[PDB]
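Chemist: Below, each chain spelled out in residue letters.
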Amino acid sequence: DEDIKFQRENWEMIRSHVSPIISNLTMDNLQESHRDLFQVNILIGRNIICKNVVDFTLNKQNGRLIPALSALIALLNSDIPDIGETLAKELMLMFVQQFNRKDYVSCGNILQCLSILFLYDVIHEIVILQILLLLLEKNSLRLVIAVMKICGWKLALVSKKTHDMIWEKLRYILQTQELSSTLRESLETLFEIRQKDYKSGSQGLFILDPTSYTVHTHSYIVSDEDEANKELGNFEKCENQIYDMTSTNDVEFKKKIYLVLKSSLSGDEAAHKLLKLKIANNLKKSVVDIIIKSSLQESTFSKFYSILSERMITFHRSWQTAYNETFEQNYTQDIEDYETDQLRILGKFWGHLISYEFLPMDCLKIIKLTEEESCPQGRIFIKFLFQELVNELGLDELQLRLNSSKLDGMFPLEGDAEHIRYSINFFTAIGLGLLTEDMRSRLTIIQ
Amino acid sequence: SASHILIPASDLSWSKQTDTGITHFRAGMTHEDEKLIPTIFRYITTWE
Amino acid sequence: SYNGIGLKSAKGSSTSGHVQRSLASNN
Amino acid sequence: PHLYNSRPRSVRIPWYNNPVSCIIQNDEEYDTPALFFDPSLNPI
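Protein sequence lines correspond, in order, to chains A, B, C and D. Taking the UniProt record's numbering, I'd label the letters of the first sequence as residues 8 to 247, 279 to 485. The opening position of the second sequence corresponds to residue 1401 in the UniProt record's numbering, with each subsequent residue numbered one higher. The opening position of the third sequence corresponds to residue 2 in the UniProt record's numbering, with each subsequent residue numbered one higher. The opening position of the fourth sequence corresponds to residue 388 in the UniProt record's numbering, with each subsequent residue numbered one higher.
No wet-lab data here; the hints were simulated from the structure. Do not rely on the hints blindly, as some may be mistaken.
Said to hold, decoys possible - Taking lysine to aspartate or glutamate and the DMTMM-like style, the derived pairs with C-alpha atoms no more than 25 Å apart in a straight line are:
#1 B:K1435 - A:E144
#2 A:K67 - A:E9
#3 A:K156 - A:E132
#4 A:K421 - D:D418
#5 A:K168 - D:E416
#6 A:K109 - A:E144
#7 A:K331 - D:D418
#8 A:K167 - D:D418
#9 A:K145 - B:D1433
#10 A:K203 - D:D414
What the hints assert, rightly or not - Partial pick of chain B residues on the chain A-facing surface, computed with a CB cut under 7 Å:
#11 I1405
#12 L1406
#13 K1416
#14 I1422
#15 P1438
#16 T1439
#17 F1441
We treat Cβ as the ideally placed atom computed from N, Cα and C, and that holds for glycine.
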């Protein structure tokens, strides 16, 4: 009978949409999950949606997910109060079943769920204070104290005095009464929190505005006899701007930095001003470029910019990354512009950084010497780099650092004779060449 | 104006002994709004 | 706090006697 | 002043310590009683 077929296969599809939507609910997916859920026929499946949300909450695989499930139920209760009403009936009845069973786990689950539904104004604080009064007439205090941790902020706002009275009763037991040691300590801790104020207990998924929740605050009491329409969980047979071409904005900041730089005697007070500005991580790349561009105007290198960059490095690793990235940017992209003079500035300026290890040294690996790929201007750059880097180390420490720095592409031992001829011939063209002996051996080994 | 800068203030009692370095800066010269001004020693290359 | 840095007082020094820690050299 | 400070002159005695006031009061509700156990206190 193809209407009974259609309506059954539609009911089945609705159930198997709702189940995986509930199973894929999280904070930061909740609003896409709620869209999808709203595109299912929630009203026809009202009991199917209630039973999946309860059974997921209650599966105790969750419990952590109770705040998420409560936020989903809050959204849905603004849309369709009849659904949130149904879900709150069954959850009350599940709490009272688990209390009477003495199932402490399902007490803890369902009580935490009622707590967060009250946090989201789905249900009235009356139900919480009645649950807590019932609990506190027996011990059950592990239950009562978890509940009060998870509602107790909202209870203090809405109903200070009743809550206060309960605390007085709760307080009364601890000071003048005998209790099991494990139970008491948890009981005391809640007492500690009251002085603390619950400041690890007011954080979550408030993803409806206090007027966009159409605030159907359902006034249940946990001693009604209620309905819970399990039967709606059967199958049945329903016969029913401007583009920016100008950096002038960045030009302002450029003049502010350059002006900070031209003031400030010594170097060590200029680092103070620059670090004082607290530059956002985005810009701390370019500020370096301003520094060096300025250093190229000075017509001669100065220890100033060296000690400046050194005092700037050691403060924060973002400046490490800054100078490294700018080293690659300079050597790779930007060298082709500079005349042989400004190269005399750059060579020493990076020499002081490398020889004292601030750079660090292995970042020299970018350099590769080939007739095919090199810049003669860049060649001069290397010349000044090592000719500065020697004078501080003295060609002694140089060989040790290099030999321990595993520079490969620059110092080929693997083969390619002609390249080794270019390397050795090059360092002998610098006027040093004493780094090339190990390669000279490989010449005779190749021949 | 060569006097704005900032002046290293470090540790009167110790700087008689170690040369502690520059641990602090006393304000060199003042203003209503700060702005900044360049100072000569920056515009003349060092002897070295 | 005045730790022994600064001036005995700022009167004849013409400055503001404003002292501030140096972010530059620490580690 | 006499301990850490070498060669003091014309210095006075600071008065040192006080009891560490525990005073606790309620400005919030007028109908809270006068004597009430404030959640700040420890549970005993």
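Chemist: Next step is simple, just say for each hint if it's right about the structure.
Modeler: So, going through the hints one by one against the coordinates:
no. : hint             : verdict
1   : B:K1435 - A:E144 : violated (72 Å)
2   : A:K67 - A:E9     : violated (40 Å)
3   : A:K156 - A:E132  : holds (14 Å)
4   : A:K421 - D:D418  : violated (86 Å)
5   : A:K168 - D:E416  : holds (10 Å)
6   : A:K109 - A:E144  : holds (14 Å)
7   : A:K331 - D:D418  : violated (72 Å)
8   : A:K167 - D:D418  : holds (12 Å)
9   : A:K145 - B:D1433 : violated (71 Å)
10  : A:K203 - D:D414  : holds (18 Å)
11  : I1405            : holds (5 Å)
12  : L1406            : holds (5 Å)
13  : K1416            : violated (21 Å)
14  : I1422            : holds (6 Å)
15  : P1438            : holds (4 Å)
16  : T1439            : holds (6 Å)
17  : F1441            : holds (5 Å)
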